[PDB]
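The lines below spell out each chain.
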Amino acid sequence: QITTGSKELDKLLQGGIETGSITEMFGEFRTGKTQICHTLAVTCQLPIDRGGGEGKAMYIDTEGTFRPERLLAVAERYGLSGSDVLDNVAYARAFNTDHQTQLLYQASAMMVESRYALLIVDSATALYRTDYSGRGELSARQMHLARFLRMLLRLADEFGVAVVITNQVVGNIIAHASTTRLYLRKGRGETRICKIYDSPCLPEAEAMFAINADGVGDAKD
Amino acid sequence: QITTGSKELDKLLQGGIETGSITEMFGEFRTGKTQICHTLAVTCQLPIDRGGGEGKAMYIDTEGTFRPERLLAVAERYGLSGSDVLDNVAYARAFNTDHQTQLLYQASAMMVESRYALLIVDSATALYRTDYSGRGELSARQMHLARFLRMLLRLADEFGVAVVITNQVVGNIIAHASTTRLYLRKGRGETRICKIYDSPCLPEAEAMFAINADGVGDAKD
Amino acid sequence: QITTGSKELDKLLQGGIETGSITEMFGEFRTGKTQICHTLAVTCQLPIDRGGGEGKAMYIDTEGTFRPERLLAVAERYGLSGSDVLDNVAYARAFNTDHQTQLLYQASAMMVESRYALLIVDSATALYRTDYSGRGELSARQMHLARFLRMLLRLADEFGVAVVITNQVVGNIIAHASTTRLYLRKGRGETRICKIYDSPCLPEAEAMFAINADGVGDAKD
DNA sequence: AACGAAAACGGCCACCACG
DNA sequence: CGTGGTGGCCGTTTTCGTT
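Residue numbers (the authors' numbering), protein chains in the order written: chain M, 101 to 270, 289 to 339; chain K, 101 to 270, 289 to 339; chain L, 101 to 270, 289 to 339.
Since the hints were derived computationally from the structure, they do not count as laboratory data.
Note: identical chains are not told apart, hence a pair may lie in one copy or across any two.
In silico PhoX-like pairs for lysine-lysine, Cα to Cα no more than 25 Å straight-line:
hint : residue 1 : residue 2
1    : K111      : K338
2    : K313      : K338
3    : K107      : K304
Make a model of the complete structure from these sequences and hints.
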């Protein structure tokens, strides 16, 4: 179980993400999906006794929001070497849906030589909206997304890593494929509300957390 | 954190601009955007213990409002050599959007040899309105602005400098790219109201400041 | 330095308009722009020791407000021959922006044979609003105005004359081109407030003056 | 049975009044 | 001065009548 670094969120998840499965967090923009991704990108490298996976991180960005400085802040919060964190995070920006899936081909071969624990795909659904904008081409983007999700599941079962994808809510296919769906909504200021909206094992429940300069971290009224 | 030279504004920002990120100040004309730019162009050279960055300044002007005498006034206010301030400020007027972006090519190579802390682009959006005035050419100016903003972010991450751009409100793309949005409005006389309209870390809040011959400086009723 | 004929205004300008440069006075209607123009049209002919330029005047009118009788009043105030004043003032009404610029072609050749000291363009911006009223044609009037301003600067540098243009405030291009911007506002009765709103050499400052039958002349409470 | 014309209804725009 | 509501005009659709 990879620690989220929010204790309340860890309790909500019973200790953190299950490696080897896809966890989807759907919420409005600015809810902190990207911030949680940046935090996990570092916490994954933490020792297992500290809630990490003792593995490198993979950040596939489609939205430009990748900040190595956020990774440095998370590393210094938990006392990890920021330089080693950036050395254990491989980053690449996907320009389109086809490029987004093509990066998985390099990811599968690269993930064999080194132990990874986390795969991050940020604005995973944005490129299927910007690229495929027509109505007759909807089935094509749905097929590409389906294949992409199957590839995610395959890599998860192959390397035993956690698969994190982010969705902006301004597909029903992900429900059966994703094991845990988390709904994120803004509480005013920088403090966010998290809700579980389906889990066969986890209750439907809510937990409050905040977005702090160091971290994605528990709410401290 | 580069001191704004207004204490109330510094408190509003928790001490001043974060270097390495873009801070956008949108407000009506005559609200003092240019005055704040002139003040920061000198305060950046202040010692870090005094709220500066101990670096040279870069002023890219598109509106003709550049005044070295204002820089001299700010330098004498804080006791900086006005001649050295003008020697540590490189100035160039952009004639068009293409020239505005082209100046960044000289800026990137020139910013490598000397330490800079502040990049100022005044009336940054005016040239996209004067040059691109048609309606079919809107996407072209939006693309050029997008590339310009990406170049700003790249230079910010490369040199760890503060990126300041000014917008006259007589684009939605800047929101995700800009980290702190400040709304400026006139209070009658020479005293201006500043409001924070988005920050993931800073509260939505307001602070009152004035525009004084020496300085951009706190309101003194 | 051509005397304004208001002593307080002369002090505000450090003695009067610099010949060879454009001085813009922007203010509300009825603030006295036209009255100041009529006064200067005569004072320019005054001896240099009296604050004149010892040159003829040029009045390009676009608004119908040209009054030779006002010129006669200014001439008799300072003791100048009203008939010779009208003989040293060449007048022409511009019917459109194209005609307004076309008159400059006759002005350049005519200004070579005789010494002039003042060029007056009254409601200089009105024809760009009445002629070019659409929104798609804004760039065309802006280009025509830009060329007109460049022609003004060229004539100023060629003949060393003062260039006076009047703007009704019910363009940002003029700022870099105009050397001294004066804001005019009404004080009730016939007494007007003048403010300097940009000058690299002149302070931002204000001076009170009145509009008297003889003259544009100092306020006398 | 098909086409054309007339009438009615709905939506959009402009003007006036009130806050 | 700005926003909201009401009224009027225009356009489109449907129905009826005539060829």
